[PDB]
Amino acid sequence: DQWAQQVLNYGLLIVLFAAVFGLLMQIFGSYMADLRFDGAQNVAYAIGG
Amino acid sequence: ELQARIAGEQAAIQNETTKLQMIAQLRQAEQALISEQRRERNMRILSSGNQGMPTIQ
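For the record, the sequence lines run as chains V and F. Residues are numbered in the numbering used here as their position in the first sequence, beginning at 1, plus a constant of 568. Residues are numbered in the numbering used here as their position in the second sequence, beginning at 1, plus a constant of 807.
The hints are simulated quantities; they were obtained by calculation from the structure and are not laboratory data. Be aware that a few hints might be false.
Unchecked claim - Partial pick of chain F residues on the chain V-facing surface, computed with a CB cut under 7 Å:
(1) 851
(2) 859
(3) 863
Stated by the list, open to error - Partial chain V-side listing against chain F, Cβ under 10 Å, derived:
(4) 599
(5) 608
(6) 609
A virtual CB, placed ideally from N, CA and C, is assigned to each residue, including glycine.
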């Protein structure tokens with residue numbers, strides 16, 4: 569029983585991190601690829617973001 | 808006449824000395840200009856008058 573429980577636990581773990589971390593990395597990539605260091609965007613604002 | 812000519816030659820050499828001094832002063836002045844332009848660029852990049860953002864889309 570405990571082996572079955574652990575298998576279910578780590579399957580849930582892979583599912584949750586797969587979906588959530590994929591979403592978070594896609595959002596972060598879009599945001600920070602948009603980032604540019606020039607005279608248009610306040611650098612403090614962008615770094616804080 | 809040769810005394811006078813040599814005296815004029817010393818005058819020309821003195822004028823060359825003056826020219827060298829002014830060239831040195833100009834070189835230092837334009838180094839100062841370059842530093843000022845560097846400060847202008849780093850002030851433009853870092854300025855707080857900007858408001859744009861990297862967008863999410």
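So, going through the hints one by one against the coordinates:
The interface hint given for residue 851 of chain F holds, since its Cβ lies 5 Å from the closest Cβ of chain V, which is under the 7 Å cut-off. A distance limit of 7 Å between C-beta atoms decides the matter here; for residue 859 of chain F the minimum to chain V is near 4 Å, and the interface restraint holds. Annotation: residue 863 of chain F was flagged as interfacial toward chain V, and the flag holds, the nearest CB pair being 5 Å apart, inside 7 Å. Because the closest C-beta pair between residue 599 of chain V and chain F is about 5 Å apart, less than 10 Å, the hint holds.
The beta carbon of residue 608 of chain V is positioned within 10 Å of a beta carbon in chain F (closest approach about 5 Å), and the interface hint is therefore held. Because the closest C-beta pair between residue 609 of chain V and chain F is about 4 Å apart, less than 10 Å, the hint holds.
Of the numbered hints stated above, none is contradicted by the structure.
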